[PDB]
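What follows is one chain in structure tokens, specifically the form solved without the ligand.
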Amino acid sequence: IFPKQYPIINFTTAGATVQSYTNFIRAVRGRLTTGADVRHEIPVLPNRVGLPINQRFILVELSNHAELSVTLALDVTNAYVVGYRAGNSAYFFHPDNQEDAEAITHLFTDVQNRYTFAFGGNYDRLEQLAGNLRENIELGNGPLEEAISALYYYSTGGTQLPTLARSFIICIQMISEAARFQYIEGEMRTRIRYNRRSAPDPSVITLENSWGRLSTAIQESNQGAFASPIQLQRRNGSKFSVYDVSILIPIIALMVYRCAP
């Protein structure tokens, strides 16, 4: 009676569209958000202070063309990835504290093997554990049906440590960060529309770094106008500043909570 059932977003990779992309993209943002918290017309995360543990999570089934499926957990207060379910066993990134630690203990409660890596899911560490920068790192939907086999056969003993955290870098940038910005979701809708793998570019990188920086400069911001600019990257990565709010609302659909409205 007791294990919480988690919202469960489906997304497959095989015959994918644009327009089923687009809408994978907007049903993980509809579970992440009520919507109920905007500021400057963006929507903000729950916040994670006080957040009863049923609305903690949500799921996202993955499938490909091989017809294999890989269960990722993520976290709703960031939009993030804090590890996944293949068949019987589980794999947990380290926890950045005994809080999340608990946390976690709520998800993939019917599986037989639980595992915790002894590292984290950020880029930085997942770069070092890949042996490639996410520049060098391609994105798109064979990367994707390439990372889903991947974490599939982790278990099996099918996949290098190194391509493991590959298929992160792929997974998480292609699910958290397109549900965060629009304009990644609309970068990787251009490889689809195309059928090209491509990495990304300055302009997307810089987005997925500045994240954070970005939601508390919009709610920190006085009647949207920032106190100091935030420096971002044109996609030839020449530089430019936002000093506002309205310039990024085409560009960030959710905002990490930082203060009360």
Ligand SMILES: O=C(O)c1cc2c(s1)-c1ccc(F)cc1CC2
Contents of the next structure:
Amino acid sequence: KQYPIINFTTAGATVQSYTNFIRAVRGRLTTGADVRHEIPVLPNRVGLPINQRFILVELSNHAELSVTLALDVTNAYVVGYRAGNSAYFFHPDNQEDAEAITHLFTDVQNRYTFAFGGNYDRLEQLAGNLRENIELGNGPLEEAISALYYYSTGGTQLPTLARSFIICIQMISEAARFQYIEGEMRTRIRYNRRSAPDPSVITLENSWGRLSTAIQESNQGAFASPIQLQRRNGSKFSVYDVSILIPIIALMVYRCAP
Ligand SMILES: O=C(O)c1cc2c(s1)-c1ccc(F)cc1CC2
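Starting from the form solved without the ligand shown above, please give the structure in the form deposited with the ligand bound.
After this comes the whole thing, all chains and molecules, with the earlier chain placed first.
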């Protein structure tokens, strides 16, 4: 009667508690995943029954405010959230996705669909800040949780809401998709620091869809054409094969193989 729920709190969070959380998120994302090959592939969108389509991530903080993000199991992305008696959804791209989200938070009194999508380019415009200048860490996540909650009371303006989504999406969705990004967050929690993501993180995020294609279309693990990534100092290199990415990318959006 309800989708799977994973709980996390910034209150007293540790390296261990955040590692447990991301491991549980990946576990729920991959109940229907294809795990026969080198890297897990998320369930195919087409033909996926609506009762397997979403998972819920319930966040709380030191103020004991709580919000619940809905994640699409087909791409691990945040499609909307619930705060109190209100639910808020990004603009869906097509009618089928708009129908699927009517199955979320079906008890709330107030449902709203934003005019805008939840992709980074749009959220950065709304926030007035690029990912490069938005700090990540337990502190930022705590503030993001309160901002998301108080959106429902009128206490949060849209630019701060957008910045809060950018923080949640990176620390949950992208940490679930990439062991590399989970490790970046782990280091921030470990040393109690808040800091913006370096170019290696931003380029991996921008590349997740392209990597998913390059990998699932590989022949004997070899890419058809290289894809370029960045080091933490911004220098660029190419990857040509699946194996080197096994430790880096934990989940892939389904893609067709010829
Ligand atoms: O800062 C550094 O020295 C490095 C940053 C990255 C490295 S190395 C890497 C190597 C091979 C891959 F398939 C993927 C990545 C992710 C980004």
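Positions refer to the first chain, counted from 1. What we label the rigid core is the largest C-alpha set whose atoms superpose within 1.5 Å from one form to the other.
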statement: After a rigid core superposition between the two forms, the exception among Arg197, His40, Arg26, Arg234, its Cα shifting by 2 Å or more, is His40
